[PDB]
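Of the protein chains in this complex, one is absent; all others appear in place.
Order of writing sets the labels: A, B, C and D. Residues in every chain begin at 1.
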Amino acid sequence: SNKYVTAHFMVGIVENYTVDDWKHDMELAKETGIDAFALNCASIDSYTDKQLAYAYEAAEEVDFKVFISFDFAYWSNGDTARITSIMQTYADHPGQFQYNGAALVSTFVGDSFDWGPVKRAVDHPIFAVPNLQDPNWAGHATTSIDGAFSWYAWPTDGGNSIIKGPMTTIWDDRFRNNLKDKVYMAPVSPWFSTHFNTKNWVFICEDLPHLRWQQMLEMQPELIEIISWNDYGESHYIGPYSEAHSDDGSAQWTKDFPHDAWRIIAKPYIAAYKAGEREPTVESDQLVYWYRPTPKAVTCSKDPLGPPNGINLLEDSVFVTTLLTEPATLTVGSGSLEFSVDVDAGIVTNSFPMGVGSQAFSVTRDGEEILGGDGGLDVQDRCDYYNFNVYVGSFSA
Amino acid sequence: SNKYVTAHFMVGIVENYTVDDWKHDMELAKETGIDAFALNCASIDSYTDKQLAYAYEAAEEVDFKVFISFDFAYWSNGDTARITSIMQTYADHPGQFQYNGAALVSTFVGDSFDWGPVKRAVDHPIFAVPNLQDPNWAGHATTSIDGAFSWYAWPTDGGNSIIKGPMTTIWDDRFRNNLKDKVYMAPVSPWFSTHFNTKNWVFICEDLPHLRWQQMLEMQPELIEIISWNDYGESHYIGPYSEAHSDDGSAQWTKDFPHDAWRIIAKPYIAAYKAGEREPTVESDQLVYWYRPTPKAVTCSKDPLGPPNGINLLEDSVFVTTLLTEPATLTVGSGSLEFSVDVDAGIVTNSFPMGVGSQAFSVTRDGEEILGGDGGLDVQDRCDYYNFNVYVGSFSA
Amino acid sequence: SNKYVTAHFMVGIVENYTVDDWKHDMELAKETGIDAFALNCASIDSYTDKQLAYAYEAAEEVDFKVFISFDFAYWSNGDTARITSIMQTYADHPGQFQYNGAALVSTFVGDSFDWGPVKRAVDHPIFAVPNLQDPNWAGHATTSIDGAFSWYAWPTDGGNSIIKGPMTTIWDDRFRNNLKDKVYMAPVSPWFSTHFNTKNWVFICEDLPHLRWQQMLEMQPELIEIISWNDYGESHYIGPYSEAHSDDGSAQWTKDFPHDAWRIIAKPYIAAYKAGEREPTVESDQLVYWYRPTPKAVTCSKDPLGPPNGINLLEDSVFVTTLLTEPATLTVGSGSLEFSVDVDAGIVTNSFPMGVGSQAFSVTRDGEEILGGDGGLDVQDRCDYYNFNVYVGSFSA
Amino acid sequence: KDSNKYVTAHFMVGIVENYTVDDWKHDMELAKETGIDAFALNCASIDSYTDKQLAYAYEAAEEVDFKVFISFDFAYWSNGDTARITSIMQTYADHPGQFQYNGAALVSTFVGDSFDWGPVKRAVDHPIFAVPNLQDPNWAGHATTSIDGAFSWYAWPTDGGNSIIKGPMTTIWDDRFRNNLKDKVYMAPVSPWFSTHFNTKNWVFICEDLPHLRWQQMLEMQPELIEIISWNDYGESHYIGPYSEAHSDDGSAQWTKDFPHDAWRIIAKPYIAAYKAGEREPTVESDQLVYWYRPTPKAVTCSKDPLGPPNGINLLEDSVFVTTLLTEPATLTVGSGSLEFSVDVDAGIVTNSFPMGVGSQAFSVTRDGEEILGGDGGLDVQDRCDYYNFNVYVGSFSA
Partner (left out) sequence: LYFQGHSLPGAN
């Protein structure tokens, strides 16, 4: 079979993409180690058939792969006929991601969608790994599935309480015990913060951009899907902020908040995971940092939406992942405060109390400053709008 | 044999029950005409054998009956020795419900569990009526069953698909077709709404709390199991909200949502069903009402589970079942909406468009009001969490 | 706010702690609302540097904080240079508790230790709040202190006579009246009982597990230090009994005596204290109980140590703190004796006469029992060793 | 990991339904006398008296200052019994009678290699030291079941698959287990004998000098723990405890009621001491002799026995075995029927074996012409039998 890493791509926000915009995304996906984009599309978008076409063409031109994620918040069980005709077009397309000789197909929800009639009407074999909510259902589904994709990327206990971290693998283990002789696609997400009038909460992630990958080496799922490449609206994008996507409102908390440096962390772990290593290998000294724009208690001045649910469980911290070939001393300035920790060789995340004002990072070995600089955003104690996304940046020696 | 009515009881949530807690539920089931509780227990609960012991003791003390429902979401075929030793304890307990001289036993799922080894190891005869997902396997079952219990209590196309109502008997007929001479335990459920990470949907029930009982008089299955007595998490409880049960998170949408009044509908139909009568007998003038707490299109922005699947197929209605000895006039006030219908004698369900605000109900005969009052709960257009449970109430002359 | 609660942690008994042991302790403190551990360490322990390093790392990993408590029962004024190099290691570690931007440092005694030389050699600012015996020295110390920590956690009148309680705030006033521009760290301690051949006495505490938090909301000090997290030797631990710690001989009176339930009282008072409320808020219905294992006059059978000084001033009582949302009746069975008392909503402590034998508690409201059970420990009228520690337990709804 | 070594003994809870606490006390006092630290309480989920007897056994332990731990017999317990396993551990992990290995509650199994201890440990407050019985050495080395060690059941000569090979016993399997138990704990098995005669199991392993040989191996190997198989498994003939009044006959009374094995504890005791003290030789206290032998030649034909002869018996020897425990060298003389043997024996603990003769058995130890101990075998060797019995009779004499 081999191991593969996919990334969740929001087709709904790229109405105006060209083939070239797609190729730029997949090129940056390729150089992270990602094998394929899950193209998350909706029945209600007039641009779905066009943009699926562009994505598969782009995949073919840059030798990336793609598979379709039928987003069943929009698709319905009564859409079988359409879904079949789409699979007929793309299951045997050269750009279609193939898992064990079959066209991978997944979904967002759609636990009840029967893939049997789709599979029977398409010549080319299909490998159906829908997103399922219940591990028990994943182990006994009657819908002709070949594995399950868990959306449990963040700490949760089973209810609609926001719970503290850190992330545990409890839900992965429940899924895995039910999927014995089937495939498990584990989710990997750095972050979660959403601020729409139809959804306004955070999950408690913190060191999640690093720790989740550590869990992937322990657990070795058959597949990984990164949530997400470009879902700006829920703040878990690790892809670039593309000029051509259509803003859904999330520009407010994503436009000046690059997340690209998180691909610096994912890259060594994607390689280790595909190689079956238990520990990543650091090739050069780098540093990744992330922090929210304000302390969590800063009441904003203008926001037509309330503060997000769950923010009292966040910590006011600056997070720093160092990827070093030899041990060193990490020094962090956060506003008026300064901290220092010795940090070992390898990939290591530390958290520092967040202070209002300038952020500065330095890594020294013997007496040599090996890398360092100012964080790209000042922490503030005022805000117009509740922004619980994070700014991410990096230094590379 | 005779006909009996049973009710699904969650042992999993009564860890702290005393024998008296059981006896209270048992008395309320006895007043409804219920013959036995299905004790739905799991192997993974330390307290299963304790609460099974109290249950059987309580049954004998109040001349009530119980039988075990092994929940095979938790039990497995590896548990045969334990299941056999439990059957050896209780198959001839004085509280054990006996169906034509055999101890009734059932399950949740566990279609492939073989009762042969269990029956050949227990002296007392056992009557195995497991929950089977496949009507056809109910006819060719190699597992030494004496009947099948259907869990198709709600409108569905299979795979837990949600479809518009009303409830039909399509699945019941497949079971009775394939069972031939074996026993059929038909499910009766008033509602379905659940709001957890692993399950977040509604079935489209609506007038189901009445319409299913009418379907039972027409159908006359050998047995009936009410889903359920106390499954708060799925909103189909007809028993009281008990103070001793353990909250699984469902108190959020059930603490203030009594469903006791639905027993007013159940009681005369249970009697007609055991009598084999084709129509219920109304002894006194009564009215049962139910409705959801909000219009279906309300947005609950902080609820991290998001809205349940299926809600677009619901209607915003107030539902009213009248139990009338004589024709009369029903008037309902729903917010600013105003309705009046001539209701015939007997048991009749009417539904009316939902209006936000206070609800009011009145039955008049010869221009004299014979029962009425204000709905226990005001319908509202704002909400913290999605709740698609119903408030149920009644009025009696 | 700018108000924090700390707990006194015995570094001397955790030579074999791992970082993970420390994390478990800190997580349980974090759950209680405690902000930092006072790392009470000795110059003579070979493992002080290691275990200091562990604790600070663990604070970093679970985003807790720690500060060093130099135990001047062991440290001497001649240790200035070693204390300085330790403060240079940790004053700017992220795990280090910062108070108004300065590294908090404290001590056990050491009244005469001069902090000026330490402040002068350490670049990071330092906030020194040593334990001072004399309130007047707190008012006029020449040792460059920024506040004072009182050890007056129990009833005492200035001399070495043991006195009856209850606790008063007499010593708290004396300190505050000497610290009206510096910081007062007030002690909070639930109990006191020690039984070594170098210290063998009780203080008279009784209702102190609750009374002292009440005094804190009135006496609103700048900081609180809880005595203690894990000093089993003096029976004032509120932390778990950790198997990783090294028994000094106190296991004889602490192995079978959990104190964890006192954290149920602390948590609402810690919340109120930080939020400046003068009354705590009760979340759900709970009960905490505690009692000594024998009537105080029981002469025991093989104790190589005499009866502790002061035990004749104790009361043979069972103490119950009810945390309640509405009023209720509390009934207490102690041996062959049964008592009841009506109990208001809120947090209320009642004492009950001790009877030898088993102990039972139940809280009733509207006839229903809402919480109750048996105490984990039967009161005995014989014993091998003098044990004036208490057994603590709880019940929750 | 514990600075000290310990010896435990496998105890069948399944045969002691009618035990009282006092019956337990009696067994534990004789185990204490031997230097054994704890009983492994081998119990089954399907016994209605498991909780009654575990309770009695923990109380007895605390009352006589002995220790116990639970051996979950996974021929009956199943991986789906985590909840009950977990709750029994919460009852007993901190019981006064619970054996603690370096502060954690010891827990063991028979088989159950895939049972996951993680969920138990995580749900039990008091720490737990998981040393299950594992059949594969290689799997002891990278098990995913949260184990702190492995307990080997390779107590007898075998090529695996319960194959029967000639002895003498070697440590080939202990090495495999120790090689894969790098940092973790190895609990090695010590068994004197093996003969079982049931429908489901009817064979012998070739043990012979095993009741002594295996202890000598333990002083060279110094495993972190030892479990003696067994205290009272009468059914497999490896019991070293008394034949108790109160146990329930499972059918083994036929070959065990008149076959005391207590004298084997005389060999056990000094070797338990050298093992715990990390010493390479035992210390002999007084001159003693321990003898054992089967009741009949191995070619005896028992036509009435529907089980037929046990598998393996062709590799046995018709021998009488004698272990001498001498403070100074002496001469061993043995009479077996009309056979007559004498051999010089060094000081220390030495086993000799002599061809078996039908009839009266006799033993004598003399030093420079002077009798120091000896007497008649407790059982005449017979050449005709009703049922195949390949258990041994065991006796002793003391100077």
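Operating definition for what follows: a residue touches a chain if its C-beta (ideal position, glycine included) is under 8 Å from a C-beta of that chain, and two chains touch if they have at least 3 such contacts.
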item	value
Sole residue of C:20, C:157, C:277 or C:381 that reaches the chain not shown, by the stated touch rule	C:20
Residue, one of A:133, A:136, A:160 or A:215, that touches the chain absent here	A:215
Interface residues of chain A (partner: the chain not displayed)	166, 168, 207, 210-211, 214-215, 218, 327, 342-344, 348-351
Residue ranges of chain C at the interface with the undisplayed chain	18-21, 50, 53, 57, 60-61
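The definition used in the following text is that only the chains that are shown with their structure count from here on.
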item	value
Selected interface, C-D versus B-D, where C-beta contact pairs are more numerous	B-D
Whole-Å gap between the CA centroids of chain A and chain C	44
Separation of mean Cα positions, chain C and chain B [Å, integer]	52
Chain D, residues touching no fewer than two other chains	none
